[PDB]
Amino acid sequence: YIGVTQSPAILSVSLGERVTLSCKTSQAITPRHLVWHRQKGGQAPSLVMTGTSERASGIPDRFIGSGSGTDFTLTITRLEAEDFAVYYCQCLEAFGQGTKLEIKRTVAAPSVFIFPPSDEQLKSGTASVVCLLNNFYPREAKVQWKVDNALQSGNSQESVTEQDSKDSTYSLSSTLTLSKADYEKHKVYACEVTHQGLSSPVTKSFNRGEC
Amino acid sequence: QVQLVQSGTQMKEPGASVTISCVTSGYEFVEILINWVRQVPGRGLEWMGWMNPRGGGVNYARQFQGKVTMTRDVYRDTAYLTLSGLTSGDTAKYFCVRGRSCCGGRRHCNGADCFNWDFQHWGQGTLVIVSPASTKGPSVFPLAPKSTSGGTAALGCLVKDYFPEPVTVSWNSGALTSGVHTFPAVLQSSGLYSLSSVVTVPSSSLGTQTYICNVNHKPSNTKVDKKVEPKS
Amino acid sequence: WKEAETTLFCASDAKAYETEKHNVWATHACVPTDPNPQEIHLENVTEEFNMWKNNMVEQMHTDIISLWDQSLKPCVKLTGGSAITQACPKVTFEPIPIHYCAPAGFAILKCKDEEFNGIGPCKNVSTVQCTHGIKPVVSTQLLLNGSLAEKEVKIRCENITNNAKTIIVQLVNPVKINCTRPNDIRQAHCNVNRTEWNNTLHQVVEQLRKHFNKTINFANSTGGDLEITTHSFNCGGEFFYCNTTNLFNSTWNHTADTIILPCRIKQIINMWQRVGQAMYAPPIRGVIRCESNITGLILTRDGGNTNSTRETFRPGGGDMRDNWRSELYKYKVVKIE
Ligand SMILES: *[C@@H]1O[C@H](CO)[C@@H](O)[C@H](O)[C@H]1NC(C)=O
Ligand SMILES: *[C@@H]1O[C@H](CO)[C@@H](O)[C@H](O)[C@H]1NC(C)=O
Ligand SMILES: *[C@@H]1O[C@H](CO)[C@@H](O)[C@H](O)[C@H]1NC(C)=O
Ligand SMILES: *[C@@H]1O[C@H](CO)[C@@H](O)[C@H](O)[C@H]1NC(C)=O
Ligand SMILES: *[C@@H]1O[C@H](CO)[C@@H](O)[C@H](O)[C@H]1NC(C)=O
Ligand SMILES: *[C@@H]1O[C@H](CO)[C@@H](O)[C@H](O)[C@H]1NC(C)=O
Ligand SMILES: *[C@@H]1O[C@H](CO)[C@@H](O)[C@H](O)[C@H]1NC(C)=O
Ligand SMILES: *[C@@H]1O[C@H](CO)[C@@H](O)[C@H](O)[C@H]1NC(C)=O
Ligand SMILES: *[C@@H]1O[C@H](CO)[C@@H](O)[C@H](O)[C@H]1NC(C)=O
Ligand SMILES: *[C@@H]1O[C@H](CO)[C@@H](O)[C@H](O)[C@H]1NC(C)=O
Ligand SMILES: *[C@@H]1O[C@H](CO)[C@@H](O)[C@H](O)[C@H]1NC(C)=O
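Protein chains in written order, with PDB author numbering: chain L, 1 to 27, 27A, 28 to 91, 96 to 214; chain H, 1 to 52, 52A, 53 to 82, 82A to 82C, 83 to 100, 100A to 100O, 101 to 126, 129 to 215; chain G, 45 to 124, 198 to 300, 325 to 353, 356 to 399, 412 to 492.
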């Protein structure tokens, strides 16, 4: 088995830019065997390059495939809007983990909000606590839950929006799920957010039962 | 034109089996290897195996041995993927896919003569969702807003414990669209989905402007309008 | 000169009075074997061969298809939704050697390099009027009654790095396989010497380790029509299907009796010639016995073993062109200018 490595996994780029995607094989291959695909929104991928450098059907000449030995590249000479996608290299049965093209913009700190469980939800024996990180860039963010100052683990889940079409930011929810009994047992609920746009981590919190 | 067309979304309980079909057209079915590729939502492409429609010989990736069966009906130009002993790890999109042809109109053609791995023609993909849940409409809870970040307040509704996808969420019957984020649903360990929908609004409009999230879930024929206000 | 495609003629030692079907076919399809066979060494000549793209293989396939269509008539053919009925008498069916020979204006080149793998340049070449005599044995998994390698086992594959490519193994030492339907009438068995078979796998592992320096595992077929999940062959005019799990179930790391294969005679078979089923008459009574030499193997290598300390090989087959390739790999046709 010849493994395939694609890194970076995310390239932050701009319209009109020259973009270079990298693919590395675990041992030397013939260029006849290296393939590039692109995939948009989890739909069927489509062919970009075969045999390292031969453009597939419908692929314009701003796409250039090159490489040999173990090191291969897909170059887009001048990026267009339609080019934003996830690109996968394939060598025999092996796929790289993909490189996503993302729209580069300036750092934007998240606005952070915390929401306690509703009284109506508590009736049903479960409590959801939600932490909202709104309109931030870049994507990387750490959200840590604390209950009575104790670090929580394995009882929260994060969901993230796709990059916004107008401002190119992300938004993210972190939802902490507790039993009603566990919720009523403790007082202070807090989510602490760490992000490049925040000089120091930001904590939002509430005390159970207080206005 | 070559076309690979797969069967529709399936929901299956854990432990059950599922069969996906891949109906081909526009070429000689028996002459080209069929491959299957798995993609867990948000993750990369994983090759599962190939099957030679001439004779039905197979080659399964070690990770899927015991899980997959790849078969065909040559008369119907159809390939099948069957997954057994379903678990949550099997929730994914499955693609049938074939590489380029190579026979060049020669007399005897076998898919094993080709390269195979220049994957060119894909099925549209088939989603398999593993959950013990039956159809269930959502509960809708308020995310109630002082709390000002970025000069603005935030509110929303938590749309919890429904099955299957999708739900649609609107605010004030579609009049409120600016600043709205409806997050992707997550399939919880319970086998039910949940999501939140939020919106940021002027902090000086609370109690003077009414905010209603409208939640519709077609599979259970339920509609919920939940007014979201600050708790005094 | 240059590689060319033409119609080779065939030669055989068939006899007019034999009702055995290969004899009958060859009596009209072939000439008598060449009384004066001559090999001419070509001094200092190098030549490219490709056993995987060889029109000799394509013609042999066409020819053995016509042999079978003329010789082994099913009672019923199920090609598509259709049904085609005809007379279904039992026959004597036992392969004889067929030679393929160059027509005037053409020549057959022969690779005389005993270590040639089947694709690439050959530094030791001769011209021949005819191939050696090749028995057109139809079987899966195990290659029977064929040619042997001279010094060490050969592993032949267009590119063994590609798990979709068929692997043809050629043995040095033949291994007897003896199959019997004793006097349920469909039940039969094959016997293989365990010591010989184990020594055979050892030799095969030694060569495979040159491509994959790992633990080597042999495992049984994991899917497909019965013809390819079993060792299928014919004997006494009947079609045998033998479970080869007892042949392919071992692990060979770098370190630190009789094998019985159950078989069944089938009346319903999947044709190798073309897509379709054929039905033959119920089995003849009496004792049926075939003693053959295993001289090669058809294998597939498990793909996707993303990070393992082992490679797994399973018996394969089904495309009988691989059977013809195992014999014709050292030949190519050229047009002499
Ligand atoms: C087989 O494929 C491997 C992997 O790409 C390559 O390095 C090697 O050169 C190929 N062998 C032949 C004979 O083409
Ligand atoms: C070519 O092969 C033949 C038969 O194996 C052998 O007799 C001859 O010596 C070989 N030629 C060379 C130059 O080794
Ligand atoms: C089997 O091999 C031995 C030794 O090479 C040979 O004497 C015998 O004729 C072979 N039998 C068949 C049926 O090919
Ligand atoms: C198979 O039959 C041969 C004769 O063709 C005999 O020499 C050999 O001992 C037999 N092998 C068995 C029964 O394993
Ligand atoms: C198996 O083969 C070995 C080596 O050819 C031979 O010495 C031995 O007698 C055979 N065993 C049987 C049971 O025939
Ligand atoms: C198979 O043969 C090899 C030959 O070296 C030997 O090391 C091994 O022990 C044998 N295995 C069995 C089960 O007889
Ligand atoms: C193959 O691996 C074994 C065990 O790791 C080692 O002893 C041997 O030298 C290796 N051979 C080659 C050619 O790398
Ligand atoms: C392969 O071996 C397994 C394990 O004994 C068995 O269940 C399976 O039926 C065998 N396959 C064939 C084709 O005989
Ligand atoms: C083949 O033999 C193995 C081992 O005895 C057995 O487990 C399997 O069921 C057999 N396969 C068939 C199809 O009978
Ligand atoms: C495969 O061989 C092992 C010993 O190596 C044995 O325990 C097992 O029963 C065998 N499996 C079959 C299906 O015969
Ligand atoms: C192999 O050759 C022997 C000797 O001619 C013959 O008896 C046997 O039937 C052959 N086997 C097959 C499968 O053709």
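There's no promise every hint is true.
Stated by the list, open to error - List time: in silico DSSO-like cross-link candidates among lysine-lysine, alpha-carbon distance up to 27 Å:
hint, chain 1, residue 1, chain 2, residue 2
1, G, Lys46, G, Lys97
2, L, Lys183, H, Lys66
3, H, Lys206, L, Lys103
4, L, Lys126, H, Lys66
5, L, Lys126, H, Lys117
6, G, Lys421, G, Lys97
7, H, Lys117, L, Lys207
8, L, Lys207, H, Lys129
9, H, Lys89, L, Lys183
10, L, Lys39, H, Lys214
11, L, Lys149, H, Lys129
12, H, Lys89, L, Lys126
13, H, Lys66, G, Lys357
14, H, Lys89, L, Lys103
15, L, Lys183, H, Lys209
16, H, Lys210, L, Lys183
17, H, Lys209, L, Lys207
18, L, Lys145, H, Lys206
19, L, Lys207, H, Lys214
20, G, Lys490, G, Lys121
21, G, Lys351, L, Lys24
What the hints assert, rightly or not - Listed below are several chain H residues computed to face chain G (Cβ distance under 7 Å; list not exhaustive):
hint, residue
22, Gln3
23, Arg43
24, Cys100E
25, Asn100L
Unchecked claim - Pairwise CB distance ranges, derived in the manner of DEER restraints:
hint, chain 1, residue 1, chain 2, residue 2, range
26, H, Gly26, L, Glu53, 16 to 24 Å
27, H, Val163, G, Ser463, 32 to 40 Å
28, G, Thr394, H, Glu13, 23 to 31 Å
29, L, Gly57, H, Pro185, 44 to 52 Å
30, H, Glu13, G, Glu47, 57 to 65 Å
31, H, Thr151, L, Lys190, 35 to 43 Å
32, H, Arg75, G, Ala200, 43 to 51 Å
33, H, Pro202, L, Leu201, 38 to 46 Å
34, L, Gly57, G, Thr50, 26 to 34 Å
35, H, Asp72, L, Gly57, 42 to 50 Å
I should point out that these hints are in silico values taken from the structure, not numbers from a laboratory.
A virtual CB, placed ideally from N, CA and C, is assigned to each residue, including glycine.
Taking the hints in turn, this is what the structure says about them:
1. Restraint check for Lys46/G and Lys97/G: the C-alpha separation of about 15 Å stays at or below 27 Å, so the hint holds.
2. For the suggested pair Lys183/L and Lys66/H, the alpha carbons sit about 39 Å apart, so the restraint of at most 27 Å is broken.
3. At roughly 37 Å between alpha-carbon atoms, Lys206/H and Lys103/L are farther apart than 27 Å, so this suggested pair is violated.
4. Under the criterion of a C-alpha separation no larger than 27 Å, the hint pairing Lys126/L with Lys66/H is inconsistent with the structure, at around 42 Å.
5. Distance hint between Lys126/L and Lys117/H is fulfilled; the C-alpha atoms sit about 19 Å from each other, no more than 27 Å.
6. With a CA separation close to 34 Å, the supplied pair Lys421/G and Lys97/G exceeds the 27 Å bound.
7. Annotation: proposed proximity of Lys117/H to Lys207/L is violated, straight-line Cα distance about 33 Å (limit 27 Å).
8. Taking the CA atoms of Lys207/L and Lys129/H, the gap is about 12 Å. The hint holds against a cut of 27 Å.
9. Distance hint between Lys89/H and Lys183/L is unfulfilled; the C-alpha atoms sit about 35 Å from each other, more than 27 Å.
10. Between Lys39/L and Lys214/H, the direct Cα distance comes to roughly 42 Å. Violation of the 27 Å bound is thereby established for this hinted pair.
11. Restraint check: the Cα-Cα separation between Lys149/L and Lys129/H comes to about 21 Å, which is no more than 27 Å; the hinted pair holds.
12. Proposed proximity of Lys89/H and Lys126/L is contradicted: the alpha carbons are some 37 Å apart, above 27 Å.
13. Using a Cα cut-off of 27 Å, the hinted pair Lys66/H and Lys357/G holds, with the two alpha carbons roughly 25 Å apart.
14. Distance restraint check for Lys89/H and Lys103/L: the Cα-Cα separation of roughly 19 Å lies within the 27 Å cut-off, and the hinted pair is therefore satisfied.
15. As the CA atoms of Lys183/L and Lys209/H are separated by approximately 22 Å, the hinted pair is consistent with the 27 Å bound.
16. Distance restraint check for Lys210/H and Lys183/L: the Cα-Cα separation of roughly 23 Å lies within the 27 Å cut-off, and the hinted pair is therefore satisfied.
17. Taking the CA atoms of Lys209/H and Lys207/L, the gap is about 25 Å. The hint holds against a cut of 27 Å.
18. Between the alpha carbons of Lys145/L and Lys206/H the distance comes to roughly 35 Å, so the proposed pair goes past 27 Å and is violated.
19. Proposed proximity of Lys207/L and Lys214/H is supported: the alpha carbons are some 18 Å apart, at most 27 Å.
20. A threshold of 27 Å between alpha carbons decides the hint, and for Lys490/G with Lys121/G the separation of about 41 Å lies outside it, so the pair is violated.
21. The straight-line distance between the Cα atoms of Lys351/G and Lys24/L is roughly 24 Å, inside the 27 Å bound, and the hint therefore holds.
22. Checking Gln3/H against chain G by beta carbon gives a least distance of about 21 Å; that is not within 7 Å, so the hint is violated.
23. At its closest, the beta carbon of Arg43/H sits 15 Å from a beta carbon of chain G; the interface hint therefore is violated under the 7 Å criterion.
24. The beta carbon of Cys100E/H is not positioned within 7 Å of any beta carbon in chain G (closest approach about 10 Å), and the interface hint is therefore violated.
25. A cut of 7 Å between beta carbons decides the hint on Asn100L/H: the least distance to chain G is about 4 Å, and the hint holds.
26. Distance hint check for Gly26/H and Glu53/L: the Cβ-Cβ separation is about 23 Å, which falls inside the suggested range of 16 to 24 Å.
27. Against the hinted window of 32 to 40 Å, the Cβ-Cβ separation of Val163/H and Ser463/G comes to about 49 Å, which falls outside the hint.
28. For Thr394/G and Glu13/H, the Cβ-Cβ distance of about 37 Å falls outside the hinted range of 23 to 31 Å, so the restraint is violated.
29. For the pair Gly57/L and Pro185/H, the supplied restraint of 44 to 52 Å holds, since their beta-carbon distance comes to about 47 Å.
30. Range check, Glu13/H to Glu47/G: Cβ separation about 60 Å, and the 57 to 65 Å hint holds.
31. A beta carbon spacing of about 37 Å between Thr151/H and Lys190/L agrees with the range 35 to 43 Å that was offered as a hint.
32. For the pair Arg75/H and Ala200/G, the beta carbons lie near 18 Å from each other, so the given range of 43 to 51 Å is not met.
33. A C-beta distance of roughly 41 Å is found between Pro202/H and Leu201/L, which places it inside the suggested range of 38 to 46 Å.
34. Our hint of 26 to 34 Å for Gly57/L and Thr50/G is violated, since their Cβ atoms are close to 41 Å apart.
35. Taking 42 to 50 Å as the suggested C-beta distance range, the pair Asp72/H and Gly57/L does not conform, at roughly 32 Å.
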